[PDB]
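Enquirer: The primary structure of each chain is shown beneath.
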Amino acid sequence: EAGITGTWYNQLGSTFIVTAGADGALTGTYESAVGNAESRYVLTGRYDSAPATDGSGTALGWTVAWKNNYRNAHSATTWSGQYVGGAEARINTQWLXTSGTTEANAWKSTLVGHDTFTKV
Amino acid sequence: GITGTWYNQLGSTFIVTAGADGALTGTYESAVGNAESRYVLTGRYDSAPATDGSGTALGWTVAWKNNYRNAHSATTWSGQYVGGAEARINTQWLXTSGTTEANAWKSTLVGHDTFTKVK
Amino acid sequence: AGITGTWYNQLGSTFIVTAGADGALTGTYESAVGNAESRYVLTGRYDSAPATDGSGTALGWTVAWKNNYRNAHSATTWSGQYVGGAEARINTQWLXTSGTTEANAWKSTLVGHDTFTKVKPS
Amino acid sequence: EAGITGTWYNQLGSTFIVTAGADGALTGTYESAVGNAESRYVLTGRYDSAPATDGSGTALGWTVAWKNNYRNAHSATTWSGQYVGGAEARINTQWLXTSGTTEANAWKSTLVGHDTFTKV
Ligand SMILES: O=C(O)CCCC[C@@H]1SC[C@@H]2NC(=O)N[C@@H]21
Ligand SMILES: O=C(O)CCCC[C@@H]1SC[C@@H]2NC(=O)N[C@@H]21
Ligand SMILES: O=C(O)CCCC[C@@H]1SC[C@@H]2NC(=O)N[C@@H]21
Ligand SMILES: O=C(O)CCCC[C@@H]1SC[C@@H]2NC(=O)N[C@@H]21
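Heads up: the protein sequence lines correspond to chains A, B, C and D, in order.
Going by our numbering, the residue at position 62 of the first sequence is 62; the numbering climbs one at a time, nothing skipped.
Going by our numbering, the residue at position 96 of the second sequence is 96; the numbering climbs one at a time, nothing skipped.
Going by our numbering, the residue at position 42 of the third sequence is 42; the numbering climbs one at a time, nothing skipped.
Going by our numbering, the residue at position 50 of the fourth sequence is 50; the numbering climbs one at a time, nothing skipped.
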C-alpha cells in the first residue's frame with residue numbers, strides 16, 4: 001500500500017519503518033526513543049488491504065517483542081489503530097505493552113497509551 | 001510451548017506457530033462479531049523469556065478481511081503465555097474499526113481474552 | 001439484591017459500596033496489592049434506571065490512592081457493569097494513572113480487568 | 001490544590017465543569033459534544049489532594065453515568081488521568097465507556113480512548 005509503506009515517527013521520537021504488502025501484511029522495524037529498548041526490533045502486523053472509500057481510515061495493527069541481539073525487556077507491545085491518508089497523513093494508534101510477570105504480579109502486567117505517527 | 005491450537009472463553013479458535021526467532025503466524029477463527037471462517041494472524045513473542053517463572057510476553061494482530069468478508073477492522077491482542085499445568089495465554093485486546101475523522105473517538109473497543117488448550 | 005453490598009475481586013480486594021437512589025456510588029476500597037493499605041474513599045455513578053431486557057447495569061467509580069497512612073500519587077477508575085441473578089457480578093475494566101513528569105507521561109497508565117462477587121475468599 | 005476547579009474543554013468540544021474539594025472529591029457536570037448525550041450529566045471523582053512537588057502531575061479520575069432528565073444511554077464513562085499545571089495547564093486522560101449489554105454481548109461492552117482537556 002502506497003500510503004502506509006514508509007518511515008514514520010511518533011510524538012516520542014520513535015521510528016517506525018514499515019512495508020505494507022498487497023496481501024495485507026505489515027513488516028519492518030521499530031526503534032523506541034524511550035523505555036528499556038535500544039536500536040531496532042522486528043515488527044509484524046496486518047492491515048485492511050481493501051478499505052472503504054467513504055472517507056473512513058484503514059484499520060491496522062502491529063506487534064513488537066522487545067528482544068533483539070543487544071537487549072531483552074521480556075515484554076511486547078501491540079499498536080491497534082488506523083491510517084488516515086491525504087493531506088498530512090497519520091497513523092493514530094492506541095497501544096498495549098505487556099511485561100512477562102509472575103502470576104501474582106499479572107494484575108500489573110499491562111500499560112496503555114496512545115501514539116500518533118507522521119512522516120515528519 | 002505456544003505452538004498449537006488455543007481457545008478463548010468466547011469459543012474462538014487461535015491456531016498458531018511460534019517460529020524459532022520470535023515470530024507468531026497462523027489463523028484466528030472468531031466465534032462472535034462480524035467474522036466467518038479463518039483470518040491470517042502474525043505476531044511476535046519473547047523467544048528468551050526470563051526463567052524466574054514469569055510468563056512469556058507476546059502479541060498478535062488480525063485484520064478482519066479474508067475471502068468471505070471484510071469488517072474494515074483490526075484487533076491486536078497483547079499478553080503473556082504461562083505454561084505447565086493448566087497453561088494459559090492471558091491477553092488484553094484493542095479492536096480499531098476504520099472510521100471518519102469525525103467518529104475517530106469511537107474507533108476503539110477494548111477487552112480481555114483468556115486462551116486455553118482445552119475447549 | 002442490587003449494587004449496594006460488600007464485593008470482592010479475583011485479587012482479594014474489598015469494595016464496600018452504597019448505590020444511592022439518584023445514581024451515586026459511595027463507599028470504601030481496600031486493595032490487597034500495590035502501593036496501598038487499609039481503606040480509601042471512592043465515589044462514582046451508576047445507571048439508576050437500567051433497561052429491562054437482561055442488559056447489565058452500567059457503572060463506574062474512582063479511587064484516589066491517598067488515605068491517612070499512605071499516598072501513592074495515583075488514581076484508578078473502574079468502568080463496568082453489574083449483572084444480577086444466580087450470583088451477582090460486577091465485571092470491570094480499569095485504568096490506573098500515576099502522577100508523572102511530562103517526560104514520563106507516556107508510561108502513566110496501567111490497564112486491567114477486575115471481576116467482583118459477593119463471595120468472601122479465605 | 002487550586003488548579004483543577006473550573007471549566008475545561010476537550011478536543012471534541014465537550015465541557016467538563018468541576019470542583020476539587022479539599023478532601024480529594026471532584027464534583028460537577030459534563031456536557032458531551034458527541035454520542036448519545038444531551039445537555040448536562042452529573043460527575044463525581046477523586047483526586048490526589050497532596051500531590052508531590054517536583055512538577056509531577058496530580059493523579060485524578062471521574063465517572064459519568066449517561067442518564068439525566070432528558071435522556072438515558074444505559075452507559076457509563078470513566079476518565080483516568082492527571083492534571084498538569086503551568087501556563088499550558090491540562091488534564092490528560094484515558095477513558096473507558098461501558099455499555100449495559102446482555103451477557104452474550106459482554107465481550108463488546110467497552111470503548112476506549114483519550115481526551116486532553118484544556119483550560120479554555
Ligand atoms: O521498556 C520496554 O518494556 C520496551 C520499550 C517500550 C517502549 C514503549 S512501547 C509504547 C510506547 N511507544 C513508543 O514508541 N515507545 C513506548
Ligand atoms: O466484528 C469485527 O470487527 C470482526 C470480529 C471481531 C471479534 C472480536 S476481536 C476481540 C474478541 N475476541 C474474539 O475472539 N472475538 C472478538
Ligand atoms: O499502587 C497504587 O498506585 C495504588 C494501588 C493500585 C491497586 C490496583 S487498582 C487495580 C487493581 N485492582 C485492585 O483491586 N488493586 C489493583
Ligand atoms: O453515547 C453514549 O453512550 C454517551 C455519550 C458518551 C460520550 C463519549 S464518552 C468519552 C468521549 N469524550 C467526550 O467528551 N464524549 C465522548
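Please keep in mind that the hints were generated in silico from the structure rather than gathered at the bench.
Some clues are possibly wrong.
Unchecked claim - Below, computed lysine to any residue pairings styled on SDA-like, alpha-carbon distance capped at 25 Å:
no.	chain 1	residue 1	chain 2	residue 2
1	A	108	C	51
2	B	106	D	86
3	D	108	B	114
4	B	119	C	89
5	B	106	D	55
6	D	119	A	114
7	D	119	C	89
8	C	107	A	38
Enquirer: For each hint, tell me whether it holds in the structure or not.
Expert: Against the structure, the hints come out as follows:
This hinted pair does not check out: residue 108 of chain A and residue 51 of chain C have alpha carbons roughly 34 Å apart, beyond 25 Å. Between residue 106 of chain B and residue 86 of chain D the CA atoms are separated by roughly 31 Å; this puts the pair beyond 25 Å, and the hint is violated. Taking the CA atoms of residue 108 of chain D and residue 114 of chain B, the gap is about 15 Å. The hint holds against a cut of 25 Å. For the given pair, residue 119 of chain B sits about 24 Å from residue 89 of chain C by alpha-carbon distance, which is consistent with the 25 Å threshold.
In summary, the hint linking residue 106 of chain B to residue 55 of chain D is not supported, as the alpha carbons are separated by about 32 Å, beyond the 25 Å threshold. With a C-alpha separation of about 22 Å, the suggested pairing of residue 119 of chain D with residue 114 of chain A holds against the 25 Å cut-off. At most 25 Å may separate the alpha-carbon atoms for a hinted pair to count; residue 119 of chain D and residue 89 of chain C exceed this at roughly 39 Å. At roughly 17 Å between alpha-carbon atoms, residue 107 of chain C and residue 38 of chain A fall within 25 Å of each other, so this suggested pair holds.
Violated hints for the displayed structure, listed by number in ascending order: 1, 2, 5, 7.
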